[PDB]
Structure formats: C-alpha cells, structure tokens
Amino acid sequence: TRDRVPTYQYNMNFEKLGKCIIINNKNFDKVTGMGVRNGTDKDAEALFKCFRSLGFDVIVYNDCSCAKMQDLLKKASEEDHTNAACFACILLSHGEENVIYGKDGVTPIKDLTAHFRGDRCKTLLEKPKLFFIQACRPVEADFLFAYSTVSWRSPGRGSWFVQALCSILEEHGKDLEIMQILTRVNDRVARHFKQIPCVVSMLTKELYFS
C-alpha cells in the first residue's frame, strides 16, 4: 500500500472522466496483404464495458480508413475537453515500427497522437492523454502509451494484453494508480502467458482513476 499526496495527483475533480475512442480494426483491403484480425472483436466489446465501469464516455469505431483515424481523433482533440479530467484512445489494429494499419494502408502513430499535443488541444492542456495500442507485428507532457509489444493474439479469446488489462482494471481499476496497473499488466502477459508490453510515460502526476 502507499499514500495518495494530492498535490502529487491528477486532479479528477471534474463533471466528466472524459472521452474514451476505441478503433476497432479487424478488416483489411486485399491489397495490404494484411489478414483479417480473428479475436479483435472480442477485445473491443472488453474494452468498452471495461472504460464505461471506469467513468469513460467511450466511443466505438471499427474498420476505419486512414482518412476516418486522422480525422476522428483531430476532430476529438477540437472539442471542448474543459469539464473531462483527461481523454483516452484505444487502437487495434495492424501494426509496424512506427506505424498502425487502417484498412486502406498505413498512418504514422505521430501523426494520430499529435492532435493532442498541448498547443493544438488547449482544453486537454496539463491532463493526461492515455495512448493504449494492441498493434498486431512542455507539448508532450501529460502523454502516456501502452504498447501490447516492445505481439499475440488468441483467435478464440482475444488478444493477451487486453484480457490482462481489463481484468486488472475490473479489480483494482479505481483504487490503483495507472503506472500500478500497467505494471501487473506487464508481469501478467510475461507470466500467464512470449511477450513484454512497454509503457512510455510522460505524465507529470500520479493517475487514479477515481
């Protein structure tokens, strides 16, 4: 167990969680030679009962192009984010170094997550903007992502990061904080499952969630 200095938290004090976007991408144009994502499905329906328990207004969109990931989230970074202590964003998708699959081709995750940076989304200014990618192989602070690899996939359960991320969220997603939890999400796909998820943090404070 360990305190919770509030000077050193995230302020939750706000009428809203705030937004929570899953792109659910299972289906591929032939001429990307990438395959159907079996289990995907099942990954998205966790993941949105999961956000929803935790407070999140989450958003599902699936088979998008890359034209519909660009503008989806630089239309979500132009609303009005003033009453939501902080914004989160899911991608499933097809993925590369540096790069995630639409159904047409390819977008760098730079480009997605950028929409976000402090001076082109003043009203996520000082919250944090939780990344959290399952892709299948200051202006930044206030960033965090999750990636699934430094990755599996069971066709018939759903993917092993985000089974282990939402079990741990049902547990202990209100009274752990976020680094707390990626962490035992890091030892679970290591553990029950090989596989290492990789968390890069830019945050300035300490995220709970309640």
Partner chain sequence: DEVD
Contents of the next structure:
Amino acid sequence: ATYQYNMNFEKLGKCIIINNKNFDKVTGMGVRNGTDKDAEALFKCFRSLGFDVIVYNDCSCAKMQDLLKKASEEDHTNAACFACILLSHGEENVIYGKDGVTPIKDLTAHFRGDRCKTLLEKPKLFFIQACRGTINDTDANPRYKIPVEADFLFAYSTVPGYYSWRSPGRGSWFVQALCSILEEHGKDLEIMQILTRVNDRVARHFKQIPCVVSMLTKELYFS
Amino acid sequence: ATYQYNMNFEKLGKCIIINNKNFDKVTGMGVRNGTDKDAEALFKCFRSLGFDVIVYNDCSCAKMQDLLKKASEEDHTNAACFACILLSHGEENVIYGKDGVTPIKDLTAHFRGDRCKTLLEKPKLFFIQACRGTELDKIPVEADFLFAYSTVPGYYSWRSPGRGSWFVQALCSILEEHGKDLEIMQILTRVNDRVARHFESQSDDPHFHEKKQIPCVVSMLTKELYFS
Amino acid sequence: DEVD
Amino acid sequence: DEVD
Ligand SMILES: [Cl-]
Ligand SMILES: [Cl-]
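Switch from the form deposited without its partner chain, shown above, to the form solved in complex with its partner chain and output its structure.
Every component of the complex follows; first up is the chain already shown.
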C-alpha cells in the first residue's frame, strides 16, 4: 500500500516518444536506420501498458525542449505517471537533436517537483536509446516538501564507455528486449524487476551494458 | 531462482568501509563530524547481513586505490558478492582522500570481470556517501555492478554532525528492519523515500535552510539480489 | 549493426 | 547540518 505508487487514476498517463532518425549535416551524425521500427514497436508495447503514446520525428533541440515543456504544463491531475522515450544519437550527458546537442537534464528539468505540480509525487520515467560517450520548493510546508529530483527514473540503453547498438533492418536490442518483457510482465512485475531482466537480455545477447538510474521513492506496478 | 543471484556460497562476501574524517590542510576540506557513527553503524548493519566487514580511517588516494586493488586480487570463489562503502567529501565523478581527490570509476575498475575472475557474474555493490557537484543545490563500468549514491549529481549530500549522514542513517535503518527480507532495489527505494521525506537541512543561512535530498541508485545488475 |  |  504505502510502498507502491498510487495507480488509482482515470488514466495511466502520457508517453512521449522522440524519434530522431535524420540529422543535419553540421551534426556529423549519420542516419539512424531501424529506429522507425523501434518507435512503432514502442508505440504498441506502451499503449498496451495503458499509456497514451505520442510520437515525434526528427526534432531539433528547441523542438525537443518545447514539446516537453508544453507537456509538463499540461494537467496531469488525473494521470498516474509520465513517460518519455528518446531515440537518437548521444554523447556524454547530452542527446542529439536534428540540428545539434542538448543536455538530457535540461529535458527532464521541466518535470521536476517544483516545475510540474500535477506530476508531484508521481513516477516520471525516461527511456533513453543512445550512446553516452566515454530551483524552488515543491511546497511551502516542510511536512510535504520533497526533493525536486525525486520520483525520477532513467533507463539507459548503455553506459558511458560502451556503444548502444541498433540493427538497421530490425532496430535496437534495448527496445526489443524492453517491449518483449513489457508484453509478458508489464502488468505483474515491478519496474525494477522488468528493467533488471532487460539488462540481462541485452547482456546475454553476447559490448552493451544497459543501466537504470532510479530516484523513485516507491515501487512501481502498472495497475 | 533463475532470476535471482546465486547466494549459495560459504560466505556472503567481503565488505570494505573507507571512513575519511580528517583531511590535509592543503585540501581545505573540513572535518566530517558524524562519520564515525556512520562507519560504526555500517559495520553493525552490514555484519548482520553476513558480510566480513573491515573499516579503514583517513585513507590517502594511493591507499584507497591500493586496498581495493588488493581486494580484487583476493580469491572470491566461495563468496556470493562484494561490497564497498565510501564515506568522504567529493565532487562529480570523484571522491576525496586525505590528500586530495581520485576518480570513483578508477576505484571500481579493479573489480571488473577481466581483472577479477572470481567475482564474475557476481554483484559488486558500491555505497557512496559524498557530494557529487553542487552547482544546483575513464574506465567503463560493467554488468552486475550497482552504485548506491547518497545524492543526485549537482546536489548536496547532507550530514548531521551529531547523528551522522542522512543516507547512512536511512540505509542501516532499512537494512536492520528488512535487510533479510527485501530485494536490494526494494531496500534502496525505501532508503530513497526515507531520506526524501524525513530530513531537511538546518542552518541559520536561509539559503541553505530546510533543503531536501534524494539519493541516486545506478544499477547495472542482471539479476535480483536477496541477501538470504 | 550500427551504433548511436 | 553539514555537507559533503
Ligand atoms: Cl528505420
Ligand atoms: Cl565523527
């Protein structure tokens, strides 16, 4: 009860997928073939969880910041949680937009406890398929005041030092492993159980080392 | 059973605690009062789990790298896992020794599968009480690694001079109560909630008064971890 | 296989 | 309180 996130809302929440395939010449990054199959697969396996999935394609850095800012300004009162999936190139601490790079923490900053009150005390999930190279109070009352970075979870396809692999004709191993486990155990297992299995699935595929960065305060079941 | 780590070994594993309290004057780092309570409390709650705990105080950067290197050179064949707790000052990607800083990933690099065969496919646990950059408030890691940070990069890691650090207080409190029952992520999630709700900073400087802290768990684990 |  |  008090150790699980309250999932008794009218809807599970919004899931925003940013699918970056084609990049400007000045970025020096090539076409990400196979990411369309990832986005479509992610669309299906997340709709099944109960998420209202929205897919954007080839977004510039300003575009990525704007749509996430707009989404954080929506009314999530009757929503249980929020999810965001990023499919693009990436270096350390940054994700690639169509025209360049933008700090990942700049994208997630919009959903902090002090900036997004309707998602306060609610799970905020970020799934990131990419390489990784190598402030006010939430409340005036100290009794309800929580850290602004609380209830955040990050699921990276890899760790800094290793590559994030993607099959041009099939898609990334991380997405395939993620959707597969969500289809089978997305309604019965806790989020860390699901992601731990994801880490194993990609590991036994053999380098690529997926990881989870969790600031969650409760256990997360998709009920 | 096939989704858990095999815990059927003679011992749970080795646990090294590095307790850095006093630092050289050249560093300009103050005394970390309360860390002695932390080190002793951690000694108790980790021994209760079944760890072989050893505590070192005020280690240099060379010493810290040495004792962890010597640890990875030991035989962990009959051990289920390995744990290491770091208690000191710190910044982004680095932790303070008595004579300066040293990168955290250099400390953990010794326990990688290619340098530590007897710990291959066994969980390596690293608990770190230190600041990780405060502007708001490289050898790669591997699978079966877990980092339990006291805070999020960019934010402070608080410590009560008379009671100890918030993260350690919460950690042993959860471990003594549910350490034998819950999976490692369940424990750390409750630690997150405990630190996030029970504590707020005390200072006559209103800018640093009643500030909040959320720990950060980085898991590369491939299986579930029960200490029993 | 390509990398990101 | 103190910081690390
Ligand atoms: Cl494609
Ligand atoms: Cl002390």
